[PDB]
Amino acid sequence: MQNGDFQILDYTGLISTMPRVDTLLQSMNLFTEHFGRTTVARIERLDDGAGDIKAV
Amino acid sequence: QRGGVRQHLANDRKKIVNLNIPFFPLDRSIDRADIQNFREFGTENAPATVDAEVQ
Numbered sequence: 001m002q003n004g005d006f007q008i009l010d011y012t013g014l015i016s017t018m019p020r021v022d023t024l025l026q027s028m029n030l031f032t033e034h035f036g037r038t039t040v041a042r043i044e045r046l047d048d049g050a051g052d053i054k055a056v
Numbered sequence: 057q058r059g060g061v062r063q064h065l066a067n068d069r070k071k072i073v074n075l076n077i078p079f080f081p082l083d084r085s086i087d088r089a090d091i092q093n094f095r096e097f098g099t100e101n102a103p104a105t106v107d108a109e110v111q
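Just so you know, the protein sequences line up as chains A and B, in that order.
Residue numbers for the first sequence follow my numbering, so the first one is 1 and each next one is one higher.
Residue numbers for the second sequence follow my numbering, so the first one is 57 and each next one is one higher.
Only chain B is shown next, with the shape it has when bound in the complex:
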């Protein structure tokens, strides 16, 4: 109503957040015992090799 009390307005809202991150390791090893007397697949009467298993 005219001549009476006024009206008022509010304000906004704010928020903040924090986060972390995970980690993913992976590893495998090699040894002589697996490449000495074994025969490479796909070939015949040929010896295995260390490089092939690394790849």
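The shape of chain A in the complex, shown without the other chains:
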């Protein structure tokens, strides 16, 4: 390096820093990925149960 025009310097390298990023959820494998073909998805649901039986 050169300080001004007639003087020299000592160069000590560079310092770098990056921000944090969290990855807790990705480590839990909690989601399942599907690859479709269009921008519409359909889901179907079914319910069932039981009932009473009165005396006869």
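Everything labelled a hint here was simulated from the structure, so no lab data went into it.
One or more hints might be untrue.
To be verified - Derived contacts from chain B toward chain A, CB cut-off under 8 Å, selection only:
| # | residue |
| --- | --- |
| 1 | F80 |
| 2 | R84 |
| 3 | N101 |
| 4 | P103 |
| 5 | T105 |
To be verified - Pulled from the structure, derived: some chain B residues nowhere near chain A, Cβ distances all over 12 Å:
| # | residue |
| --- | --- |
| 6 | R58 |
| 7 | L65 |
| 8 | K71 |
| 9 | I72 |
| 10 | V73 |
| 11 | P81 |
| 12 | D83 |
| 13 | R88 |
| 14 | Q92 |
| 15 | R95 |
| 16 | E96 |
| 17 | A102 |
| 18 | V106 |
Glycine residues also receive a C-beta, built at the ideal position from the N, C-alpha and C atoms.
Chain B: place on chain A using the hints.
This is chain B only, laid out in the frame that chain A set:
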């Protein structure tokens, strides 16, 4: 005229002189302050040197 007084001759001249001589000194010094942080001309990003200034 013949038979009369004679004629006489003179002599030469001499001289002496003395002279002195002058004296001419010259001197310059060097110091650390002029060679520490200065950058040698003609080069770039190189440090100065004491020998170059002596020459």
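Practice item. Go through the numbered hints given earlier and state which of them the structure violates, listing their numbers in rising order. Key: Those not satisfied are hints 1, 2, 5, 14, 15, 16, 17.
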